[PDB]
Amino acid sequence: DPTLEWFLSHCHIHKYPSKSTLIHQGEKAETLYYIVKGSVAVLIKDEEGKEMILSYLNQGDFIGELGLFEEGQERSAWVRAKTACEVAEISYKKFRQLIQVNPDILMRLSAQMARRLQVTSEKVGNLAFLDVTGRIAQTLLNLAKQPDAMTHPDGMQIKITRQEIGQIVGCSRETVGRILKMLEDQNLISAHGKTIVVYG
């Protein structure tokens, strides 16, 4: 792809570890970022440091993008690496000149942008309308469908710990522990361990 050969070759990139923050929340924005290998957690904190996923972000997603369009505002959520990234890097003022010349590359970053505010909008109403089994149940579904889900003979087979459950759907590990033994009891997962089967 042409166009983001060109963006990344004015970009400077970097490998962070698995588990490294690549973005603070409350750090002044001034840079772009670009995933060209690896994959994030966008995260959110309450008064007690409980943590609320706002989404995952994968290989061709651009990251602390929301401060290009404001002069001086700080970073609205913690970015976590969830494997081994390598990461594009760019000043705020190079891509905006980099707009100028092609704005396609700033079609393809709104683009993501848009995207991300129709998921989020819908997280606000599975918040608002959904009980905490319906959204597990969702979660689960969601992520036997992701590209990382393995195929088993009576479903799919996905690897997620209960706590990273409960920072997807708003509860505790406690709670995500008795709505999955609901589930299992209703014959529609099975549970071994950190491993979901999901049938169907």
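For clarity, a rigid core is taken as the largest C-alpha set superposing within 1.5 Å between two forms. Residue numbers count along the first chain shown, from 1. What changes on going to the form deposited with the DNA bound:
- Once you line up the core between the two forms, the CA of 154 is the only one from 27, 154, 174, 131 that shifts by 2 Å or more.
- Residue 37: CA moves less than 2 Å between the two forms after rigid-core fitting.
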The other form holds:
There are 2 protein chains.
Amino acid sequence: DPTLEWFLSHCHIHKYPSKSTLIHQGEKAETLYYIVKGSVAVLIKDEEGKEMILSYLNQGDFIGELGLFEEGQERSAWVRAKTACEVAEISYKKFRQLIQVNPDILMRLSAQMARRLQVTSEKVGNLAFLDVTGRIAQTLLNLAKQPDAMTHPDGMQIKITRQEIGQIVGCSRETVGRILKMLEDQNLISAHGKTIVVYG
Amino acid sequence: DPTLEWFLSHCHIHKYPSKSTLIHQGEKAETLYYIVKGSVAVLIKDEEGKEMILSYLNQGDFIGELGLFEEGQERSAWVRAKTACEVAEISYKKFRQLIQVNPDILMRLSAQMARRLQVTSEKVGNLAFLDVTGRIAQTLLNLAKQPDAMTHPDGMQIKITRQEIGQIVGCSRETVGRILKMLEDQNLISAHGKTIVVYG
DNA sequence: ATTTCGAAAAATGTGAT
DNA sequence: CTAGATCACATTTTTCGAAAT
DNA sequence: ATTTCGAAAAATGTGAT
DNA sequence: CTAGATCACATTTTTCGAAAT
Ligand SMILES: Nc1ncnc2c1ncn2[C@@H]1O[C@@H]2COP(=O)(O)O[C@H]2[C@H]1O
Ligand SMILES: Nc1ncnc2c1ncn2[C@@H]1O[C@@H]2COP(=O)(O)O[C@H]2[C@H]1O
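Rather than the form solved without the DNA that you just supplied, could I have the structure of the form deposited with the DNA bound?
Following is the full complex, with the preceding chain placed first.
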């Protein structure tokens, strides 16, 4: 569309290879990102290094907006590329110039925040009310909805490690493993290595 | 300030008593609120009633905005009022227009969304990385930031039932007290009935 | 591109406490 | 009372860098 | 109307499980 | 294991509406 086009025009495009880091938690925030292609992972670490995945973002999604609204803000999390990415970049200052000449570009970003908030609040509840099995069940169902999910004859097929699932639901990798085995005993999913098919 | 004044102008200001709910999770959202005076608690419930305080929102905060950007959306959580509230209302439709002739108001809202994202995100970290003690600890510091909080000569002072805290960190009324005492013991806080002083 | 190949790096199951 | 977290490695699985089609 | 007062509800302190 | 949730009570704080002011 005419807007998310005149926008990329004022953006410096960059390419990150898979697994590379795009945003270091704690660093000064002054740049704003928009994913033209590929997908990233937004995660936070603890003093020990343990990682918790807050979300996956993809083509169309903005990154690093949380710093644009006030001076003195440091990145709130790490953002590591899930796949090779093509990322549009622009400075906050160079961006507020744009809001003042078509705030629609702002509504689009804002909508995306509104969503992230809802979604992240959702996770808070999951963590607070559901046991691990529920959270894992829930995550598999979500993961199956992500765009990087392939379609399988018996449902939707996905690739993820127990380690990673454990970093989404916040439980150990061992536990994920046992739970995965029980969901299969109940013919809910067929687990084979990193390939997990979620039955329709 | 100037703008926020202009905004209120088009808002059908109202009055809400304490314990009264402003938003019902699940209903169609078509209204945007603004707390002129008072304070509210945004909260969510489990399948059987349990509550989780996502956040306290005071004066100057907007309410029911996640419904503003997309269509056919439902309120994402319950919003009850702590003290008595003076809440400015306004329809999304009329609001959207207000933005048209001055995107600065939309900026303000978005700024508030951004901080709510960070905070909710940091809440996820806490729930996944910390044990109750750490959670209760962390909440205490935070509660000692809300406007309804007085200033003590040692740190700060607030009023909150052990029940509430149990609902903000996500643990039982018991655990909250047990760990609370341990806190007094290890001389780090000052408690008594429903009053607390955090040492800084 | 993606297919194949042989390391080399990562992810796993274990199961009593 | 009780969901899960732990712990160290031998054993799997997957990823990786180069040669091929 | 505002305040004062003594049941109820709400909130706790516990130790065991 | 081992933080925490539960359970079943006795014992305080607060909450509130009626009654005094
Ligand atoms: N809860 C979340 N959901 C989605 N994206 C997030 C979340 N928390 C942080 N991020 C993204 O990660 C970025 C980290 O740096 P910023 O704070 O600049 O901006 C943040 C967002 O782009
Ligand atoms: N995690 C949160 N942090 C802060 N405010 C929130 C959060 N979740 C919901 N809200 C507010 O609660 C409102 C509930 O209804 P809406 O979804 O219309 O808009 C929501 C926000 O204004």
